[PDB]
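2 protein chains.
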Amino acid sequence: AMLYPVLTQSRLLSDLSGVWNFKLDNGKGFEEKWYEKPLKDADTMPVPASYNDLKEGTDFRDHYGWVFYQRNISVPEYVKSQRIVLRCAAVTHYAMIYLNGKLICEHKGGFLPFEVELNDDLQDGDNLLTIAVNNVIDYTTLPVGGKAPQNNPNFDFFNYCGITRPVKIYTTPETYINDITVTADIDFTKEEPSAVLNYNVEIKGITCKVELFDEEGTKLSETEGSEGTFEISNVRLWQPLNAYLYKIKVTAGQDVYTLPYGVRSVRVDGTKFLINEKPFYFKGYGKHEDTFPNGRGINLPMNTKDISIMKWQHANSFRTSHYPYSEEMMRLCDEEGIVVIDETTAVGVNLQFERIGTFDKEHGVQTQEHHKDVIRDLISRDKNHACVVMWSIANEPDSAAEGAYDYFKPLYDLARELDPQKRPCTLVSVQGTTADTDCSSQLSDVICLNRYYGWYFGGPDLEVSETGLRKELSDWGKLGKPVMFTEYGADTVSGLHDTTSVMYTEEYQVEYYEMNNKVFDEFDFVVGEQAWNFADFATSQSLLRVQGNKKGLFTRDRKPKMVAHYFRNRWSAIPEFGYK
Amino acid sequence: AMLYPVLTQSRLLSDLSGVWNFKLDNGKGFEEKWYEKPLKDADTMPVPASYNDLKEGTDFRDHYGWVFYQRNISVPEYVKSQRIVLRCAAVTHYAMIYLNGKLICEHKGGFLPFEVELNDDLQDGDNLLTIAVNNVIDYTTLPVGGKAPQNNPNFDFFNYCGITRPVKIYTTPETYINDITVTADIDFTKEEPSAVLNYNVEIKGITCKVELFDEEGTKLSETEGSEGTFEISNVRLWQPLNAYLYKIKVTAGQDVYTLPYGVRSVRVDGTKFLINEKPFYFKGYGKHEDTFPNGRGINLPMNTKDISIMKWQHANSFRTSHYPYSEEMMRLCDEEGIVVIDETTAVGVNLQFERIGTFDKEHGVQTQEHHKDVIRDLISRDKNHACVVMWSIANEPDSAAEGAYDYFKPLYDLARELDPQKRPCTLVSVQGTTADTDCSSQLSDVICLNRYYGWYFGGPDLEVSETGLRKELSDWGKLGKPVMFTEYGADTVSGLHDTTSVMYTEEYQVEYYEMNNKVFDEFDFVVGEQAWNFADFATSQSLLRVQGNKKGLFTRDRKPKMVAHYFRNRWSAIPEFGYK
Ligand SMILES: CNc1nc2sc3c(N4CCN([C@@H]5O[C@H](C(=O)O)[C@@H](O)[C@H](O)[C@H]5O)CC4)nnnc3c2c2c1CCCC2
Ligand SMILES: CNc1nc2sc3c(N4CCN([C@@H]5O[C@H](C(=O)O)[C@@H](O)[C@H](O)[C@H]5O)CC4)nnnc3c2c2c1CCCC2
Ligand SMILES: CNc1nc2sc3c(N4CCNCC4)nnnc3c2c2c1CCCC2
Ligand SMILES: CNc1nc2sc3c(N4CCNCC4)nnnc3c2c2c1CCCC2
Numbered sequence: 000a001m002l003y004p005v006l007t008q009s010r011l012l013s014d015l016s017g018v019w020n021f022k023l024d025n026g027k028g029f030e031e032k033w034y035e036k037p038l039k040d041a042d043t044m045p046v047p048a049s050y051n052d053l054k055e056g057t058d059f060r061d062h063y064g065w066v067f068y069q070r071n072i073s074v075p076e077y078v079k080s081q082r083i084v085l086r087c088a089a090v091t092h093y094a095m096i097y098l099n100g101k102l103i104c105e106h107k108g109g110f111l112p113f114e115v116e117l118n119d120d121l122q123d124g125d126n127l128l129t130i131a132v133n134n135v136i137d138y139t140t141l142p143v144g145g146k147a165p166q167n168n169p170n171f172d173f174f175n176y177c178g179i180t181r182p183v184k185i186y187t188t189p190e191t192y193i194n195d196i197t198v199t200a201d202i203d204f205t206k207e208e209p210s211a212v213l214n215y216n217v218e219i220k221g227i228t229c230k231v232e233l234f235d236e237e238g239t240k241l242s243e244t245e246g247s248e249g250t251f252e253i254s255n256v257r258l259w260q261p262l263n264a265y266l267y268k269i270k271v272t273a274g275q276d277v278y279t280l281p282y283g284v285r286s287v288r289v290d291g292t293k294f295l296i297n298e299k300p301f302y303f304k305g306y307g308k309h310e311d312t313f314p315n316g317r318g319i320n321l322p323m324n325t326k327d328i329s330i331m332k333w334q335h336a337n338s339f340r341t342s343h344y345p346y347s348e349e350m351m352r353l354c355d356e357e358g359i360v361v362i363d364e365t366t367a368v369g370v371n372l373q374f383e384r385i386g387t388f389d390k391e392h393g394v395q396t397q398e399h400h401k402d403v404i405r406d407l408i409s410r411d412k413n414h415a416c417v418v419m420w421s422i423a424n425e426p427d428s429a430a431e432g433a434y435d436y437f438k439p440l441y442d443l444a445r446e447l448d449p450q451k452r453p454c455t456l457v458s459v460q461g462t463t464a465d466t467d468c469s470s471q472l473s474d475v476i477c478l479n480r481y482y483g484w485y486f487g488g489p490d491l492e493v494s495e496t497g498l499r500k501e502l503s504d505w506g507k508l509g510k511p512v513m514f515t516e517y518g519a520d521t522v523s524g525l526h527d528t529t530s531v532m533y534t535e536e537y538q539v540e541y542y543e544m545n546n547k548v549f550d551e552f553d554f555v556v557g558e559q560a561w562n563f564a565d566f567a568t569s570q571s572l573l574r575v576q577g578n579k580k581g582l583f584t585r586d587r588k589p590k591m592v593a594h595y596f597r598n599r600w601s602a603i604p605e606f607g608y609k
Numbered sequence: 000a001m002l003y004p005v006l007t008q009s010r011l012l013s014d015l016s017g018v019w020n021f022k023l024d025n026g027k028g029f030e031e032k033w034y035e036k037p038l039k040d041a042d043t044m045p046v047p048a049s050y051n052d053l054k055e056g057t058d059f060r061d062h063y064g065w066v067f068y069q070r071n072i073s074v075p076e077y078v079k080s081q082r083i084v085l086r087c088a089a090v091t092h093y094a095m096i097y098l099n100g101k102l103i104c105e106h107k108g109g110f111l112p113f114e115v116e117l118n119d120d121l122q123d124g125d126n127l128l129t130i131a132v133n134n135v136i137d138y139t140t141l142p143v144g145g146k147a165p166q167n168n169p170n171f172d173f174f175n176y177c178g179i180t181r182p183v184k185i186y187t188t189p190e191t192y193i194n195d196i197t198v199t200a201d202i203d204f205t206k207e208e209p210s211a212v213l214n215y216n217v218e219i220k221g227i228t229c230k231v232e233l234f235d236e237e238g239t240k241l242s243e244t245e246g247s248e249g250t251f252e253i254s255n256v257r258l259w260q261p262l263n264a265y266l267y268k269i270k271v272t273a274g275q276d277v278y279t280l281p282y283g284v285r286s287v288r289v290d291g292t293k294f295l296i297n298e299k300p301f302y303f304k305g306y307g308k309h310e311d312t313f314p315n316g317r318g319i320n321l322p323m324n325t326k327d328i329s330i331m332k333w334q335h336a337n338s339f340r341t342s343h344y345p346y347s348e349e350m351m352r353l354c355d356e357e358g359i360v361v362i363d364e365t366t367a368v369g370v371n372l373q374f383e384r385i386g387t388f389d390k391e392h393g394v395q396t397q398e399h400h401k402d403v404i405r406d407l408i409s410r411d412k413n414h415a416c417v418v419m420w421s422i423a424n425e426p427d428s429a430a431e432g433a434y435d436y437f438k439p440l441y442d443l444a445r446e447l448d449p450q451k452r453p454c455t456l457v458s459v460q461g462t463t464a465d466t467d468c469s470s471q472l473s474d475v476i477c478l479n480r481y482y483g484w485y486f487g488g489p490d491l492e493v494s495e496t497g498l499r500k501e502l503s504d505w506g507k508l509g510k511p512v513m514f515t516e517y518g519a520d521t522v523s524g525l526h527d528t529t530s531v532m533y534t535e536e537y538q539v540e541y542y543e544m545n546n547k548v549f550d551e552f553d554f555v556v557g558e559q560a561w562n563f564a565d566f567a568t569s570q571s572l573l574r575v576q577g578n579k580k581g582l583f584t585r586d587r588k589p590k591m592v593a594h595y596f597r598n599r600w601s602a603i604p605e606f607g608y609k
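Keeping their order, the protein sequence lines are chains A and A'. A prime marks a further copy of an entry chain. Just so we're aligned: the first sequence equals residues 0 to 147, 165 to 221, 227 to 374, 383 to 609 in the deposited numbering. Just so we're aligned: the second sequence equals residues 0 to 147, 165 to 221, 227 to 374, 383 to 609 in the deposited numbering.
Just chain A, same shape as in the assembly:
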């Protein structure tokens, strides 16, 4: 369980972000005890941020192995009173915290938070904090390092690493709040729908009371109970592009924490994805925590810029593509009313492109245990987010291979059981699968395709490509379930133009999406269009990557390609609800 550190009367918060000392491991790093003494001949390195692009030459950009972040720490003795904790929101890949020279914590997983307490190794005076980060990826990591001394991603984005998100120090009373959970039942029956919310607070280390406020701070109800309930008639339902967030003050044993919460219902019904009992239609794109020169590092300004562009463009949703995003971005979609598809680090679980099969148990992937710890850690983190309407177990696994069904079912189950809101589960299907062959047809509530008819398939022949896409999508309808496209797009170099289009031209990109959009619009069970990608992003080099991935509607610096004006006009004529 991981609550978002905030400033409360009961808890303090001090950011450690800034320029830290930094050294690339030379192999002999751990041998000598760098985590013991202050790094020598060190380099400077802002935190929070990916370090790959922040220096010059390939030696930083393409480093294999470990790096050492190092910074000094010092708390006021008058604080030992309360509990001292170190929250690392995300260290890409493996983290190893040393204080004063001793290991204190260790973590696997580059995109989710982890904490460690400091009360009993926090010395007096100036303490030597050391965070060593490893970037190696393999068949035991999610995301999955392939075989082709260098990391070779089995995924189409660059392997940005370092202290990707912030490192803070918060405190707490000795017995504290540790995990608040809230769910809602809404009775749309009444012409003025109302709702009953179920609280479930948890403490560790006494009386606990719950206060419920409205948008403006107006209190409206109170109760006591580490597992009580609450009633709200004439309830302001959170809605896509129309967020309403209540707030919640849990006072419990000299400790109080506040939580926003939006009241809405998610439910699949036949070929309809329903939000607050209405037939939604996804409009938006798959995104990437990718900016220059931050790498995958957190970027509050671009977060707001990205959401400003989405509203300008008349979109309503995005998918945390290939990894969970920052907590800040998740809260922002709550405030702004952005429907989010929250997705795990499970990309590259596919060895298809003697031959080893993906789910061979001696020579194939070794990810299921960690895949489970991710599903749990992620749902623990974002369970209370009204923006989250669905979960994505994995992006493009070899889901039509043998071993496939056996791999994923234990993970779907774990997901369906750990979501206090029992939200729809899916996985994003790669090109090649079909209704009959895809283990997703059974395990998933929503069929999410990534199809590229007009690019990989059939490009530059958009007629032949249309025939293919009708044929395949037609078949997908026989499952009687909601199907949305989570990726489709074409690599386009901003600036390349032509009257009779050729591939890579802004005109070819617009035509591609006209064909796909025409076919989408023929099937009432298509409940979503999400283009890949929102914006150009960095990938590993290869002959097929024109200085990265150029499938964005926008450039890496958020300037619109012609296609961005095509979608803005199309999405403006398509409602959040009732499109079918």
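Among these hints, one or two may not hold up.
If chains are identical, the list can't say which one is meant, so a pair holds when it fits in one copy or spans any two.
[Said to hold, decoys possible] Straight-line alpha carbon distances no greater than 16 Å define the calculated EDC-like cross-link-like pairs of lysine to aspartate or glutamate that follow:
id, residue 1, residue 2
1, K390, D435
2, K332, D42
3, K500, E540
4, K332, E55
5, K36, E237
6, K588, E55
7, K107, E501
8, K32, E237
9, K500, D120
10, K270, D125
11, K39, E237
12, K293, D474
13, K36, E236
14, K22, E357
15, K39, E356
Keep in mind that the hints were calculated from the coordinates and are not lab data.
Model the placement of chain A' with the ligands on the given structure of chain A, informed by the hints.
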């Protein structure tokens, strides 16, 4: 006096940065008491960052007037023990802090820090912090708003405003450290130069002792005295591109603060700018705190990227162009060994381009009082920075007009008297002045020109332009002083190319700098070449601005133009010292 808030055994630091509530004033804002209640129908807005580009449409970008930032605050009662302070590192233009509804502080000046104490209005529970920001610029602001309801900058950059730099909360013992000062005397005579540093600590609200450490934390000397001294034989001299920073722990009355410091000497001698008694040569550029979509907002990653590019390019210096930069960037140049020319907000003090004269006292500028408070606040902030080797009182004032000399002398004097290191003073001369006509010839230790022979003057005729530049620079030598160019450049659209160059082409830009660089190299009293600009940046719209200022060597996203490879080759063959 303003010390950089850091984490010490005696003091805590909690960042307030994040997504704050935000509303554009509609005129009726102050009338109604928005600073009293929680903003209603608010918008989201990251802090720290300029807000102009973070939303869509001209209504944010071009707002005239006030905006309201608003966030909730809550400290742990167990802190009232110590002093509570709110440090606003920079609110562009005018700031007005309200707590719980009461004004607590007010500030003028968009680029320097200001604080306010909270102990006696900091309520218990959740407090409503409100920061109202004004963007209006006029003859009473530095920088100077011109006459041509809209702000019209009399300066060539966009009027980015909002909470430009971070807002934090630190604490202190009741009697505390308030301003440490250190100076150095070096005896280059000895073949192993040594040095004696003079401490000068200050407290407010007891024993105080000073500890001196070396790079790696090795203590090396101790003493007691709020105005004592210190001795260091075999001293590691801070040097351009070879920084050595000692550290300093001032323990005083249950309060301790640490300070880095580099030992170096700055001294002009004839036509030689001497650092550690050696003839330096400035290599670098004028920069701008300008990134997308941050605006003028702080950007730790780009700060490190910018400094990585400078070392890649073989530069040694930059000028805080048109305003002081963040404290973080200033400390970074200390660590990295970047020579900095620290400059004030005093740009647009020039009405030349019945006619009013700049320094008319009824109808011209009204900036001298504030100009003084800036010189003092700035030197108070950066006095201890080894990277700072010079001060810039103003960028391109009408320095050859009547009233000119009378305006600036009181400011030069105030500057020369308040710098504990008695560092060189200058002002950057606009095109048009000459040795005879420029009040800078007398008041300044270094003549700093901004010339544009090859662009504004003479372009596209580089021959005629060379004749002009030789003629003018020749004359400037008669003053027997060091002269460096702080700006020269040509607007260049990355991507426009030609074999026979035309203006705006990457080839014309390279040729421009070849001509100017050839002439520079003829005069041994030219001690510096700093190109304008390091990178493309945003300006107000006009027929002469091709989507901003395109004079960068790099694009706004830090990608090199051809000229960036020309300088990197040239600067690699030119030493920091002894070039003449
Ligand atoms: C019609 N038959 C084909 N089908 C396919 S599928 C495929 C392929 N994957 C697709 C799916 N993406 C997904 O989409 C995005 C992207 O690819 O840009 C990624 O960014 C994103 O992370 C990822 O989710 C990951 C990788 N990569 N390369 N070639 C192909 C290929 C080809 C053909 C025909 C021969 C030429 C190649
Ligand atoms: C040879 N005779 C001329 N001399 C000059 S001088 C001038 C002018 N200033 C120069 C100086 N900059 C400075 O340099 C940068 C820049 O200009 O880009 C600015 O970014 C930077 O902030 C600022 O410090 C500020 C503004 N602006 N426009 N025209 C001219 C002009 C012209 C002519 C001939 C006719 C055409 C125009
Ligand atoms: C794991 N992600 C992928 N998935 C796929 S699918 C497919 C294909 N098709 C699919 C349709 N059926 C006929 C054959 N042809 N070539 N490459 C691919 C392909 C690739 C990758 C990534 C590596 C590069 C190629
Ligand atoms: C305050 N900054 C400026 N300074 C200058 S100087 C000059 C010039 N020259 C100078 C050389 N002597 C002959 C006349 N011609 N046109 N515009 C200018 C000019 C301008 C500005 C800014 C406003 C736009 C024009």
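Here is how each hint holds up against the structure:
no.	hint	result
1	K390 to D435	within (12 Å within a copy, 85 Å between copies)
2	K332 to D42	between (41 Å within a copy, 13 Å between copies)
3	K500 to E540	neither (20 Å within a copy, 59 Å between copies)
4	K332 to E55	between (37 Å within a copy, 9 Å between copies)
5	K36 to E237	between (51 Å within a copy, 9 Å between copies)
6	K588 to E55	between (26 Å within a copy, 12 Å between copies)
7	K107 to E501	neither (39 Å within a copy, 65 Å between copies)
8	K32 to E237	between (53 Å within a copy, 15 Å between copies)
9	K500 to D120	neither (64 Å within a copy, 70 Å between copies)
10	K270 to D125	between (35 Å within a copy, 11 Å between copies)
11	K39 to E237	between (52 Å within a copy, 7 Å between copies)
12	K293 to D474	within (11 Å within a copy, 76 Å between copies)
13	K36 to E236	between (50 Å within a copy, 12 Å between copies)
14	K22 to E357	between (40 Å within a copy, 15 Å between copies)
15	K39 to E356	between (45 Å within a copy, 13 Å between copies)
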